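The chain that follows stands alone, in the form deposited without the ligand, written as structure tokens.
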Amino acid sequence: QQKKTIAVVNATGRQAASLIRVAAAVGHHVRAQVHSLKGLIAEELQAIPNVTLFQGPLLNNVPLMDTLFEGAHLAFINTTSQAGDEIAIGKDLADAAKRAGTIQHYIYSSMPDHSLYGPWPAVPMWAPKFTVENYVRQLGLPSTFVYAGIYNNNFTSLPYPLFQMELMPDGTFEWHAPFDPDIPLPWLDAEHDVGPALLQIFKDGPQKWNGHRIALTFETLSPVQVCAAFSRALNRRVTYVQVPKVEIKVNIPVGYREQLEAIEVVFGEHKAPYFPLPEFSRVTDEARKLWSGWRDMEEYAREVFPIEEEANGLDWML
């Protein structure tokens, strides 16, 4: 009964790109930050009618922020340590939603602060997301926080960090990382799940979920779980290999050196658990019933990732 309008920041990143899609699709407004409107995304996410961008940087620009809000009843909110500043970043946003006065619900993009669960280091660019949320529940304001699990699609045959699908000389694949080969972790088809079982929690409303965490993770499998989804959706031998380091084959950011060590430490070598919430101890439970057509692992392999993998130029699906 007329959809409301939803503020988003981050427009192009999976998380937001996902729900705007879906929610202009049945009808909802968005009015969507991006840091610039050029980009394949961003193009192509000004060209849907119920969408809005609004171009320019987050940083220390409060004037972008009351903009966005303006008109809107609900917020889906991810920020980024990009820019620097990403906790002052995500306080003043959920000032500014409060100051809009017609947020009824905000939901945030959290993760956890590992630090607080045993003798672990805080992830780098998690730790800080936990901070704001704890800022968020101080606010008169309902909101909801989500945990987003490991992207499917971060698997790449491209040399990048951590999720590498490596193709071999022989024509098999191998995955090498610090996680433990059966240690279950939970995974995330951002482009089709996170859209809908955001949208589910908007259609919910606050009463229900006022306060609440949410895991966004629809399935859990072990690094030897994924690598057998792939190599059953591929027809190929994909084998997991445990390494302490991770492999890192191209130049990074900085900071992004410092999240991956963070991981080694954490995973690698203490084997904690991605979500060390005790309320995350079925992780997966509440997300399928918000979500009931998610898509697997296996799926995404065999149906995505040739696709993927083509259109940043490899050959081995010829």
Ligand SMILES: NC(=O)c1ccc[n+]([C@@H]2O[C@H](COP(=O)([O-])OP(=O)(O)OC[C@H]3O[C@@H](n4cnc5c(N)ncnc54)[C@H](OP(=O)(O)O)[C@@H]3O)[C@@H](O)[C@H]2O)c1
Contents of the next structure:
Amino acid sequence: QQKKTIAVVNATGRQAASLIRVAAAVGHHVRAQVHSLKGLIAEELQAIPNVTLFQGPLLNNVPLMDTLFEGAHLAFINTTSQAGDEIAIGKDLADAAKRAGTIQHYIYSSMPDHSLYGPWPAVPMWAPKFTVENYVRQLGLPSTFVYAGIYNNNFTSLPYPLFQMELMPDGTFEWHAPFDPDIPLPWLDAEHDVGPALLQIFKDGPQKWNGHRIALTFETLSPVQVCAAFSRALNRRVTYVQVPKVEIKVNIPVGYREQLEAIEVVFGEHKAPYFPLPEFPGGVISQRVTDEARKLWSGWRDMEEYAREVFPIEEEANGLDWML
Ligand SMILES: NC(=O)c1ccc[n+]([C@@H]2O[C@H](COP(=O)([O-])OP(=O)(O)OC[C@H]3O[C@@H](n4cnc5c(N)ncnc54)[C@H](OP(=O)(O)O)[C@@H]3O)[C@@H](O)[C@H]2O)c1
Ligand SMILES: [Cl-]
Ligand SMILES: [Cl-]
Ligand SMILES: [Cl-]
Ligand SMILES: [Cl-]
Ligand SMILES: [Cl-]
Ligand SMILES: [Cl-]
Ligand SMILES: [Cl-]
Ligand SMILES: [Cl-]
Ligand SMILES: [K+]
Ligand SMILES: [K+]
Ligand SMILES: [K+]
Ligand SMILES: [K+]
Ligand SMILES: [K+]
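Counterpart to the form deposited without the ligand, namely the form deposited with the ligand bound:
All chains and molecules follow, beginning with the one already shown.
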């Protein structure tokens, strides 16, 4: 079984980059689109022999999409709002993959539209992906949809919104967010675990996974449990503080601000599930949201491992020195 060529977009993003590194390591050639060739990650991927980068915007650039899928047999597509009209781009990519005629398994990274499951607003950077998912489903090629849990590495002590592990004057850390302190949230070590899981889906094949939604989360932890993991990892006091509104301490694009306001309503006010879809006596065993992901990849890393082994390095690389 010669490893098939995988087409991917937004290659410098955490999800795609995770897949590209391990896919290339096991023999897959990769055709990857990047908005630009500069940057540490783009440079890193360009140096991988099995990888070929195609620089250019996706917005209104079907020709680049046709080039990307040329000769590819598999695809992993994860769009971002930074590239622009996510729905238009997601549909254009799906169409280009079908037109290539060689795509045997198309994995699209989707997210929920909360407004379909309760008296909740749609989270703006998530709902559009669900529209693309519906469109992909009606295309004549096998497709699978993965839903990413919250990234372990969203955490930083820099003053960025929602996931700031704030370093206090006394050396302790505090994480302030709207999430209920005790409701478990789905987490994901994006860099280490997205790739391996995706590869297993491709290995399993389209017959087993066509039409399926898979939650890419390997651990559920309430905010209090997250802080306890950081505390054990760093041997420091780390405490969770539930706040009504997201503390926005830096300037952000308006689209992100609307995303955060939706999060305050969805999670702060309504305590709705992160994955609101329905699917997410003796011997009767109900499936946990982490079941399929763990079956796909047993080598996943938890929050405590991230906090102890990676967080200190990412923090130092960002110039912080609490770990010095
Ligand atoms: N973080 C979470 O907890 C979480 C959970 C579930 C789903 N998601 C979804 O994940 C998606 C993001 O994917 P990701 O995590 O793999 O990416 P990511 O790591 O957040 O990286 C974002 C990327 O977009 C690039 N970029 C910057 N400006 C751009 C522009 N104007 N046009 C095109 N690309 C541009 C950046 O490249 P350079 O910096 O190299 O230029 C970077 O590679 C989002 O749609 C988000 O909703 C996130
Ligand atoms: Cl293969
Ligand atoms: Cl190639
Ligand atoms: Cl990119
Ligand atoms: Cl047909
Ligand atoms: Cl701060
Ligand atoms: Cl706490
Ligand atoms: Cl700012
Ligand atoms: Cl959930
Ligand atoms: K290369
Ligand atoms: K509704
Ligand atoms: K399909
Ligand atoms: K069709
Ligand atoms: K996703």
